[PDB]
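One chain comes next, on its own, written out as structure tokens in the form deposited without the named molecule.
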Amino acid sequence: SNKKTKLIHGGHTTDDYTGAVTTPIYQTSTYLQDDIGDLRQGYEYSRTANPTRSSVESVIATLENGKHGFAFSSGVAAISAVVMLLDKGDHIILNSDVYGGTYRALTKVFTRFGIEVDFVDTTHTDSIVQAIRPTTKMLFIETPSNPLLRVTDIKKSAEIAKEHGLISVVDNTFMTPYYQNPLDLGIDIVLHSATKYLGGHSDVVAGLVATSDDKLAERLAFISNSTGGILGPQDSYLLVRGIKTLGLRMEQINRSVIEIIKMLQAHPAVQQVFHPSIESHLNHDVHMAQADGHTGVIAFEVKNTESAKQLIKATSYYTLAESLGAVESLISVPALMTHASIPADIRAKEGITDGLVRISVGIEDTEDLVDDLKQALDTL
């Protein structure tokens, strides 16, 4: 049973009652009880459980080879729920190039709650060991990262976490369960911004979490019910729907990624390309050992900010917008958009050069995408 089949038949996404081939949308808040505490299908209040959300949860658990799924109103909310597994005084290590909003949440919210943070370049696993204190309880890793796609050894970070008694969390958003399964490599918790590839259609903001640990799942459920950043039923339905085409979409995206990178490597206006598919990429071997495909986010550097802006205006099929994982291919300038608050000279130290472009490859025709970007690069 291969992935494209599991996508279609994995999880519970039909109606046992009527036999509907799609998950009913339970736009509802409460459920009648036959007697006090006697729930006929286990439902009592939609913050606690909702049959549509339970459906999407079952899907994410199945695809990530876990036992328990959780759906939150945003990826940010999923991350918050996971971090609220810790107490004041606990210490968490994250990779240093973590997504802007994850950094913002750990440093201007959860530090105010007495949670200690260390940001570490996890491209070398031993930096994690250097960072481990006796109060360390959680290790949190994106791979690949935004926007330079730095790869981290998932299996090694799981071994480190196991031996030091840490909760290991991988943020699988850029790879999707279709290409990378952190739970299979020993990670405790895997989470996604379902806003991207999973939803797939730029029409749902949601986060998903999956684990095989029963006691971790029980704590996650308690947090979800007591802080309430749950995904609504309509968005859960749209998420299930979106996930159906995930394999086909990721494979189209990957075909275009490969051709686009060959174009970028051959082009003169491009000084450097960041993507784990490139054999000179740091930890390319590690990535190929922990995934059987690629993310569709690519970064490449052109000479300056005005060649970036000109590339944006010269493209016909790349769309200037926030986010990634859309059907549309998206384009952006991290120096002017996501990393604008970071000053110029320090963002050169960080790698966010003035001419760094990030594309999120969509499901348009591969030749249209390659050709369009190449003619734009020929205008420079």
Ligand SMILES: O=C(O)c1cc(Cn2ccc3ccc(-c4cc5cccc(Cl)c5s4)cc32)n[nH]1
Second form
There are 4 protein chains.
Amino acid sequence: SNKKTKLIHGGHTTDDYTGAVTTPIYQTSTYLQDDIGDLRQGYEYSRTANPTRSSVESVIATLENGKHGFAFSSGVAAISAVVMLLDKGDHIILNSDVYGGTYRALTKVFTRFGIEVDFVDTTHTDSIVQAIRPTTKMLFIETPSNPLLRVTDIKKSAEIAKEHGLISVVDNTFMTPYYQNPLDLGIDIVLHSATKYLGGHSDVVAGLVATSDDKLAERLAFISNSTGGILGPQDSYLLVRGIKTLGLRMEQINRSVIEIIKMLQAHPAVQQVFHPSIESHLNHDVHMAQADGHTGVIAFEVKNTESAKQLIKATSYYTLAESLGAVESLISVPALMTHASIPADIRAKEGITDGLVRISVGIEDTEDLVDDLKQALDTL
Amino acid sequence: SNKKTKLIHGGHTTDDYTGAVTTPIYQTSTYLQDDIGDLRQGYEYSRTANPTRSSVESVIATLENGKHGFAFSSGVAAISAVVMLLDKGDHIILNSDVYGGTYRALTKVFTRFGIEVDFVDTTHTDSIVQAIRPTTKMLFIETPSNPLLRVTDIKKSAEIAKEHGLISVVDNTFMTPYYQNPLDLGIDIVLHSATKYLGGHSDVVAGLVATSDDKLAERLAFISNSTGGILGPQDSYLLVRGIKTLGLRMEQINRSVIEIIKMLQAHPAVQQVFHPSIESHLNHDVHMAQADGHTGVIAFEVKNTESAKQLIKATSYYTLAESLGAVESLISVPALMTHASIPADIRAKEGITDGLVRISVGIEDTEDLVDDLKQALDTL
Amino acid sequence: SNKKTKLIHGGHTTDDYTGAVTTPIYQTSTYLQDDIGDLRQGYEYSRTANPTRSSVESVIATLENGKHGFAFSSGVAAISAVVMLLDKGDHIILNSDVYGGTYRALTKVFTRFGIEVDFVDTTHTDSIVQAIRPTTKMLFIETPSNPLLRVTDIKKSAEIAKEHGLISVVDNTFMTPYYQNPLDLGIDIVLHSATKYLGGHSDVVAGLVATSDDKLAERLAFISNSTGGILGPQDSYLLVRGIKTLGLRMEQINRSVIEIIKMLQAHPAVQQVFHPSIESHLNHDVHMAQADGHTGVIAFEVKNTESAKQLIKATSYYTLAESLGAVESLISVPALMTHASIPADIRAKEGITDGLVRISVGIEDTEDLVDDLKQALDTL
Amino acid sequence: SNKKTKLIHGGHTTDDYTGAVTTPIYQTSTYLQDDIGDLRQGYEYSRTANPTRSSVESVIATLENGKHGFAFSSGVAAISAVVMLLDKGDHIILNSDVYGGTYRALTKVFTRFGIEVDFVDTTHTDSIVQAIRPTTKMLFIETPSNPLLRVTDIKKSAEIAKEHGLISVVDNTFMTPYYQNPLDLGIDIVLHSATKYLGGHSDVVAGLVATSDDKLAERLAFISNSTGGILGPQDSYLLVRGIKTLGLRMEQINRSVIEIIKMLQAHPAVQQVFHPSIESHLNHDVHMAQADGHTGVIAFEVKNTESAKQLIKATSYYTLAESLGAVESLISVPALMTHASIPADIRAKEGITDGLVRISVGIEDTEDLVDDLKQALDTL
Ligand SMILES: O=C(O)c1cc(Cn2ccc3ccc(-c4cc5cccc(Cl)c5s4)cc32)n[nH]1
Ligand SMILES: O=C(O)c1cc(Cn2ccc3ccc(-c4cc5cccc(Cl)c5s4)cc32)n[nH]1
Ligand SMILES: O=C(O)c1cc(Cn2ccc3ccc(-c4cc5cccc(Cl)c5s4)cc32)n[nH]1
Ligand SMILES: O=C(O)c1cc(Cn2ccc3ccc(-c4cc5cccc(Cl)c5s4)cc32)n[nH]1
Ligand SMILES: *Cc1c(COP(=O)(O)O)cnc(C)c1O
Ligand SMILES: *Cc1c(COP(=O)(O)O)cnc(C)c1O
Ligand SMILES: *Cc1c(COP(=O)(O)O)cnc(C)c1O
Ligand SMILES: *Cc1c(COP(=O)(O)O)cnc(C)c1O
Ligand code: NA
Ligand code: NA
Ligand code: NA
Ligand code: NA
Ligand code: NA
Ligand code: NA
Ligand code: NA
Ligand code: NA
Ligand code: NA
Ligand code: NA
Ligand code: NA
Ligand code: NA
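Could you present the same protein in the form deposited with the named molecule bound, rather than the form deposited without the named molecule shown above?
So here's everything in the complex, that chain up top.
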């Protein structure tokens, strides 16, 4: 019924055999056959399929309103499997500010295999239409993007992909299935770095993929079985377990996001704030039409590098570390941590200023997170 | 010093911090930074590096007399990472009877990316020399191969690769580092399905890669970080743990292999037997010169399909299942389980007869395994 | 600061060595010593202390505002360790409706060792004063109790224990440290079945104990080390992880409890409802004075056994299983599942009627849980 | 059939449901019931029974030729459960040099509950007969003992216990079920610290108990369920896994023990050597009649404390740490590490000299262990 109930009872996460109310961890590589070719329950070799992995795959398929789920050893392994749907000579359109690991995989690995890529500003969907080439086979978008939270119209992107015969893919990591369901808007494939919100506890590296398309599912299953970037059973178990609290965690994060943004907008040491909930944000209306909540990632400008470092030092409840979607609130400086290889003038031109700070809001008390960040900003 | 000591004390498998005598399991995705860019112990994000994974990587590097180790989510993920060292238009030479997953990955995935492959009979190394093209960049060999245990001269293959500027790769799964060390014979990269003997307990799917070449190591690290087929920490821990007993397990397996082969050769219901320890086996001398023991995989002919099925039913201690390298002895019929998609006449021409049985010798009592297989053969 | 922040940042749950943001799992039994008697970080043998167990012990000590925490292999192991503080000939006062496992341990195990027990109605604290004997050494109370949710005044019980030289113990399982903190009210020892709300995911059996008393802590540490009912490292890790979401889970449970009770009170197929939030409940005022929220356990009367069974069959979101504090809502019938060995007339006299149903409210959507239970009651 | 086969195929360690060739890890606390009281596979609450724990219990019952197995959170938890078979006023006879944890539990915990104990020299079994009191209910023996490896006649002890109506218990930790089977010699209960050889990898703390007596089994099951010192599922899994290699590990250890003892006896810096394989050892004949191999624990005298410390520093392959039965060879000095609270003159009188060294032989290469210990002794 409602989303919080679906998180508990969606998918198959009990043991039919013993009745165990949690998915058993099948730390196993192979399975007895009673006769050659007769599999007791469809399992024969864990790379091909493992029952704990099947459980997390059923969860992500259910939560995204798809039919087929796939669990990979990381988000970028999920992305690589999806890119491997294509052949040498095929072309992919992606948003211009796609995640750095995705950018790196495409431009330093897959271009060596003849995959062609163009990174365009998908905030206007006619930019996609202009970029379509005779060889284009795939449209891959994140929304909202990192670290400036640019929003792309999913429904229109799906319509463009359908009209031009493209496989459409949405990286739905930042929004999670709790708030945004691209398959419902006509997208072919949705994927996640489950390392972030889905696992939710900073203790699993994993990717998840869902689709309703039987033929794309067969192709993905073949790629997974052949290149072997599969998620192990312990990590699959911890994912199922973490997803149980996704709704509660995202709702707490959203209450905190709203209050933190109010504070940041009022504070004299903060300039521009980047988040899709802000009414003047580009494509705010599009976001509200395709999602019923918000990501916990916020970026905002302070004056310079020294102010950013001092802000980090002065907080009590914001933890300096990579990743996002923890139960802890995390803080980082993209110019120093993710975009340091880009020349400084190009960083500034892209809006990645020396003082741009990114926070990933966690599940601490809202008043504490607001007050802590405010008092730290007061020291600037 | 000696091999059994190196298995216990080689690599770094204790905790410098607490002194724990086993590697802690770092079920974690990210790491506190005390200042931006200052990593306490070199860790920042588990896809890039995880301390439990670093432990198993140090073990495989030590055991293969290499400098750098890499742990992947499966054997075929290790193989795919190694193939991704190449570009569209590059060519690979492999032995003609390479593992089916390797064959499938190369001919159904990587050929779509412009990688070219030729499968040649490497039991005569001049066949490699003839197959070298202007575009050849890699030589990839297993020895002994599956299921007929063909032997390829590693030292000569390394010399050919060096002379022609090829990256040389040995899939050393069947022999393990306990008996065969390709890096010592001049090979650039050695890899394993750790799913088999190294883990040894049929409870981890994993791949391991080692090299002494700093530049190839940098390229592999970049591929691993970018396509993300990494082994998780629980599976890394179970690998380290299983490798502890590798020497004892392989030695027991070898005692049993010798006695079982004597029995099979004497038995009137068995025709040809395939194993490198047999003195009339092709390249027996080459194998003994490059290895100081034997694989536990043996293939042998009984009369027909019905005899193979009856043999399987009549044994008490041979378990019908996929994979090899378990503590249990495993039994299978390649024509029905691995080569069933090949036409029957081509199977027969290749020696994969309907009655060809493959056993993976486990660590049960030698007398029991011999007597059990003999009494089952007596029912034919 | 506030409770939700303390749940994330209270205790020591990161790795000082690598900076890992989660507690490493020390699957280890012993620790290197650099010189005889010099422990690198205070660890020497995991029964005595294990770093992952130390982490969960620091969490429960912090959350209960104590100084010392102890992790046991189950709730009843924690209870047994606490009872072992006493000697043959000593006497314990407990509430009359204490948990069945506690009742069984005391009356079938510890009475064989000369421990004497009396079970009295502690809802009037002068009943405790009357029951005190010259040999009484301990007062052990749960509040609220199972399955009728009787409330005992903790502060007055602590005052009585102090005046009469008794060790006071509160089993705080049903309320959790998020809502009720007995050590702050003067109680000597607080304990939990962490199997329930603290772990929160029905996947760990564990007990936790906290105290501020250095001498009682030394005695408990000695008992734990000598009788060895210690929690293992994987279960300790899963406890730390589950406790992260305790605040969010308990708050969702409480919203649902309030609405479900309104529904039950209005429904013509339901008679008496048992929960401390109901204003006519005995010691409602005491509960509100010693707790700032509610347990998710509710009991209520339907007509008879057949109605209870039909209610269970008609629900979609209530799961028939033992235990409480899951993310799933659980349902049970005490007369058939926990009190079936008590004669029927004595059950009825105690209020455990054939139609008494117990629910443990989970974290599903509030509207779904209310509507589901209501429509199931409509079928009666 | 033979012991090495029984280690692989004895007990139930596969999944009947999926066919998984290893025991699934049931990280779960409770189980769905299809109707009230109908358990799908006999499971209802993990403290009472858990399927992974049931697997390790079936293994230890099979290996000891018993009917019922029990898995506890530590060796001393197993011992405490067995002692709890008795009542206040009952008396236990034990060997005089019983393990320090056992001594401590009995004399500092269970004597407070009215259990009476006498520690007698059981190397002459008529000492047991003299010590029997009207209140004696239990005879508890280790053989061989620590650290001087005293041997007690198991068969005669069982006969004495039967004649006098005593429960007989053997702590079989040092010998393991691979070499010594007390239940076959008439003993009622056998127990192990599975922390040592059975797990074998220094990564699980656990106890195991086996019996053939249905009534004692019912009593132990009740004690386990009521005091809750149960082994968790991950540790149960790691035990099953470690036991697979018990035979290979013990046989390697025994080859090394024989050669090391030869070296120690020949070395001028070593005085007395303590091990049951030495023909002049008291009850050598008894040991050979009740066991078909040897423990890996050896004690031997060097001159003084400084020589012992120097010996430890000079070895490369002997690790200073607590516990025994690792894959690593371990070394310790009882006078400083286990018996330091005993006065020095009483230590000397008992044979625990300042120079007494204890080694636990691991599975490193035999020649390396002999040569390393010899060269270290040469520095004295
Ligand atoms: O602001 C963006 O443009 C952006 C941010 C991210 C997220 N992100 C997380 C870690 C990280 C590391 C490196 C980078 C990049 C360098 C670079 C250069 C050209 C084009 C692109 Cl897309 C990129 S990305 C981005 C990273 N993705 N795009
Ligand atoms: O006897 C061989 O030729 C051989 C055996 C294996 C091992 N193996 C394990 C599982 C499995 C599954 C399928 C197959 C194959 C079908 C096929 C067709 C043409 C060329 C090749 Cl190489 C192959 S392999 C082989 C498999 N690899 N090669
Ligand atoms: O309503 C109560 O009196 C009550 C309920 C519980 C909780 N509970 C959970 C599982 C369970 C199993 C058995 C029983 C009991 C039988 C019995 C007989 C005399 C005195 C007492 Cl205390 C008890 S308890 C209680 C159980 N504890 N007390
Ligand atoms: O040589 C023995 O007498 C002996 C050694 C062990 C094994 N052991 C392992 C760790 C450890 C720690 C303390 C002690 C003890 C102090 C003591 C005092 C009186 C009687 C006894 Cl029995 C004991 S034992 C023994 C320990 N058990 N007995
Ligand atoms: C409500 C519910 C669904 C249906 O979800 P929709 O968002 O309406 O498509 C599926 N599964 C479970 C377990 C549910 O409770
Ligand atoms: C002996 C030993 C080595 C050296 O191994 P080689 O096979 O001689 O290269 C390395 N590490 C450890 C721990 C050893 O014991
Ligand atoms: C606020 C806070 C505390 C203090 O908790 P009190 O309930 O005020 O005693 C302790 N630890 C952490 C991490 C906190 O955030
Ligand atoms: C041989 C065997 C047994 C019988 O063991 P005994 O020592 O003869 O009592 C039991 N189980 C298995 C699996 C065996 O192989
Ligand atoms: Na479900
Ligand atoms: Na669609
Ligand atoms: Na501002
Ligand atoms: Na080492
Ligand atoms: Na080289
Ligand atoms: Na033959
Ligand atoms: Na903390
Ligand atoms: Na106090
Ligand atoms: Na009512
Ligand atoms: Na078995
Ligand atoms: Na008997
Ligand atoms: Na000597």
